[PDB]
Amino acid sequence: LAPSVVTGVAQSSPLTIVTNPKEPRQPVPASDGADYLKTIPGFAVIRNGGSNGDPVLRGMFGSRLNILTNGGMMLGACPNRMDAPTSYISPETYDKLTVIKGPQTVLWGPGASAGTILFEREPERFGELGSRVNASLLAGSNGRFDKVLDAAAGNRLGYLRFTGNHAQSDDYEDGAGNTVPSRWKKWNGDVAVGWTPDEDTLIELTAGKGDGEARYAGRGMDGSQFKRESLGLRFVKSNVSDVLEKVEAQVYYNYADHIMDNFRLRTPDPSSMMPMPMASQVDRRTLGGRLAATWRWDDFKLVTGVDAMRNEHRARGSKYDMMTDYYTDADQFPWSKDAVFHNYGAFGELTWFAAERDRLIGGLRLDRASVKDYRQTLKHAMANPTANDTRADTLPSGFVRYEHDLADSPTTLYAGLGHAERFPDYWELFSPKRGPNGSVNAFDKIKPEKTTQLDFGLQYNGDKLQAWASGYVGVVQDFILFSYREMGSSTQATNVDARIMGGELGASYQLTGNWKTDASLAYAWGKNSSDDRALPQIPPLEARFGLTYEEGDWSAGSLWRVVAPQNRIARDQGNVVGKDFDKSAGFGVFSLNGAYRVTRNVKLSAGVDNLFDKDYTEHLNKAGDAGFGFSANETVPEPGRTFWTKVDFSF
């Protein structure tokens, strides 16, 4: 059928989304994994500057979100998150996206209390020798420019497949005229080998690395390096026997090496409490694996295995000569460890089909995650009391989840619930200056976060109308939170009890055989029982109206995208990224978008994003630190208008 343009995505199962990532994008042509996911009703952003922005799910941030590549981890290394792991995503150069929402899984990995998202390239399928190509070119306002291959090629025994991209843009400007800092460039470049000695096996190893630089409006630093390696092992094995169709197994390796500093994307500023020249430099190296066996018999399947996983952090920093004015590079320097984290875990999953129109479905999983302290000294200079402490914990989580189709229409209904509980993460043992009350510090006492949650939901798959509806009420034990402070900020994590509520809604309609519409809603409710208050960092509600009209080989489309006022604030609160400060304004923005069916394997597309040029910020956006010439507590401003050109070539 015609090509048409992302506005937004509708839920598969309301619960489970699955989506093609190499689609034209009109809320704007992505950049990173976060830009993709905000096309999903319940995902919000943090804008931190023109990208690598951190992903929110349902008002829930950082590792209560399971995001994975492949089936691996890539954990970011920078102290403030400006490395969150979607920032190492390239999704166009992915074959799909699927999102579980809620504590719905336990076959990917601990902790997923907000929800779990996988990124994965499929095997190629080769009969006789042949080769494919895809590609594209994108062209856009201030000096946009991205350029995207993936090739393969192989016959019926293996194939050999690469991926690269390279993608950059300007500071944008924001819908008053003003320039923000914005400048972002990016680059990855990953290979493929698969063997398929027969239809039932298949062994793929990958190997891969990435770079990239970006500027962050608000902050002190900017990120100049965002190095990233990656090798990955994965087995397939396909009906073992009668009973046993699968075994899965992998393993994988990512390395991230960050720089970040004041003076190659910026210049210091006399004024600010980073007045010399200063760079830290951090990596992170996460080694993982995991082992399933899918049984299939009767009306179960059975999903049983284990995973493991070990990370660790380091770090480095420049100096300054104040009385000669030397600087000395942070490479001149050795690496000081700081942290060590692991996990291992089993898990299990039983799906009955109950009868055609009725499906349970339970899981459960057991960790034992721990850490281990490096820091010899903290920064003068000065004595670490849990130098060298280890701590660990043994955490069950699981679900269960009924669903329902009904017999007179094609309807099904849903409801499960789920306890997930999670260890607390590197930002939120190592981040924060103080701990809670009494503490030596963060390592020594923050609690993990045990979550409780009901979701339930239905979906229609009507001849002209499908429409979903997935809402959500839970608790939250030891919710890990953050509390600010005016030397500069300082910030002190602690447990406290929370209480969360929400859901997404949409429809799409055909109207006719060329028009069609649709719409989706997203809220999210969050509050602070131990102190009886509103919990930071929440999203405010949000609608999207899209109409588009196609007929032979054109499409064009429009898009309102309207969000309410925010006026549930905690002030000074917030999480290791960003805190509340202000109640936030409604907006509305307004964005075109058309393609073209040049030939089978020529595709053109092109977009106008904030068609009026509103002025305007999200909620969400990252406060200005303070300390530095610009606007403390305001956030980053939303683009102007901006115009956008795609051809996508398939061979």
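Residue numbers count along the first chain shown, from 1. For clarity, a rigid core is taken as the largest C-alpha set superposing within 1.5 Å between two forms. What changes on going to the form deposited in another entry:
Rigid-core fit between these two forms: of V589, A626, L604, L592, the one residue whose Cα shifts 2 angstroms or more is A626.
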The other form holds:
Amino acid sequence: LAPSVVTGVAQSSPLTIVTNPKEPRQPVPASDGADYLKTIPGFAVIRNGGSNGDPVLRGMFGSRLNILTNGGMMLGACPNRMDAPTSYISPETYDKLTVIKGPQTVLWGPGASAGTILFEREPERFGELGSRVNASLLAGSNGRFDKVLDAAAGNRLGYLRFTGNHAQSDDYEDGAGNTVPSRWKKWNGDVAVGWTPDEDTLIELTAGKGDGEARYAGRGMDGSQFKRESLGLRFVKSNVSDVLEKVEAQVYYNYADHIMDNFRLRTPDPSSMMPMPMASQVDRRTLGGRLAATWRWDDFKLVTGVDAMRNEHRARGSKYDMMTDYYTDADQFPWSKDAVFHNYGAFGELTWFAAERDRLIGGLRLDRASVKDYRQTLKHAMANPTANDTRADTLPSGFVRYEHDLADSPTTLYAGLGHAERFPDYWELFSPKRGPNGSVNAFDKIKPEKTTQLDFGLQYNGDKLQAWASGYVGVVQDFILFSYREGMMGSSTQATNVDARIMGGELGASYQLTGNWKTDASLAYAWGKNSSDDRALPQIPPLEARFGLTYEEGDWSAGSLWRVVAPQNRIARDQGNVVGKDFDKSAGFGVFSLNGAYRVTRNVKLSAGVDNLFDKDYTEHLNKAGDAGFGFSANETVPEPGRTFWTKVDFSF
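Now the other one: the form deposited in another entry, given that the block above is the form deposited in one PDB entry.
Chain only, nothing else included.
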């Protein structure tokens, strides 16, 4: 019953991790989706600045991860992914974060090669007329200050719910006393209206908005705006029949409006490729829906449904007349549409409870994906050879999983085969300046990515000791890979298709030593190989381990955490994704941190922490290369923060 601070999350069900994001996390997160996944073994984060990291799962990056918010899909618009999906998510506003590792589900959209991530909010359960609030404030080093509010009121028949947050930090300092360009600010406000005409019905309308700004240690530009707009409507019916346990319909609309420039959060580097004030605006409009029925009968559960999705991308730039140094901002020009994606899918999952200690699950889905290139020209300007052209493909995926509970031990074993196929996304088709060799551009030739992967592992849910492991081996056909070349002026990317082998796993245990002392540990490993070129895959996080120690008496608790990270010597220089490249073997490091928590009232709880107690100067292997405009050298990557203190108070009524 004693309050805690979360240093790491364990796996509770096979392949499935579930956590409540509202608890204090020990490497305290910069109020961003990617930082709440640091806590779960298998995740790493490309650091861009102080916030807005790009999450990497088992070495896979980007659209290989399926990031859902209330079953809806929010996607960002920057061509260089300053606004990864998780930039718009504020996790402590959500109630449940769950992660399914590997291509082992079909219920939540196409192409979840690496895994799916589901932030949800469970609906209110009001009986009498009533209300509830929970809130939190947080203050830390470097001007870090966060407010979070969650309030609802309603009764048997419906409810109003408000969720909001405001969060900011100024530039942090690394372990050497250098201050890192990394100031950020974020806010969100979202409302939900729910109507529950009887206990077998739920209709809910959601709407919300958010904005932010972020300085980027790399990049060469900063993000001055991250406008989000979201509209959602869903519909749940329970127990409509004896076999038809549930029917869920849902429709959602998301809009991202991003602005990047070099004069609002920095001053234009007078000796770069951008000495002139320049901004670029992009937006992304996303409309999509789901409809699914769950059938339960005998020893079988069956979920069948269809989903659909459209999304569109547009952009406009600034202009700088140079011999009259007059600046025309981007809002003075029209939008140029440049891409439209469509997807329609149909899916089903079947669970056979072969009684007792045996479970067998299989799913399939078939997807029709299509894109149209709307760029009339390229970037001064030249013709686009694929203007108005279209591409489509029909892509099937599916999986089988078997689960076995043992006789003696409280042990579950499991193994699964999964095949997943993913249509290339906006960044793989539109951001590279060159496609495969012999191609007119990326849009024309980049093939879908096809992943076949074997997942297996076990859980020991004993008393005193809980343990879990999950491994994976797989091959990827036509893995989409970026290469960087230096043609004198500027850097130029090239997307290609290669074949890859991948493997790895995570394991962890927590032992309850006494009634007061618990210890736990985790290990995460990833390995990747480009078979086409016989060399390592780029941007693969090195071997990582975490050891925690926690004492809890009555109302209070104290924790320690050691994070130790191996060097990464398997690299692929000048290859990577759309965001970063490999360049140098990384050094290992260890980082130590302390936290404490104390329940004052049944409504008020306190916590505090020191991150990086020993002020270690360290950089992660994945982090982006720092920009020549600031104090960063040649492919030196942005360092991690130095010692930081934080304190937090949680309220609940």
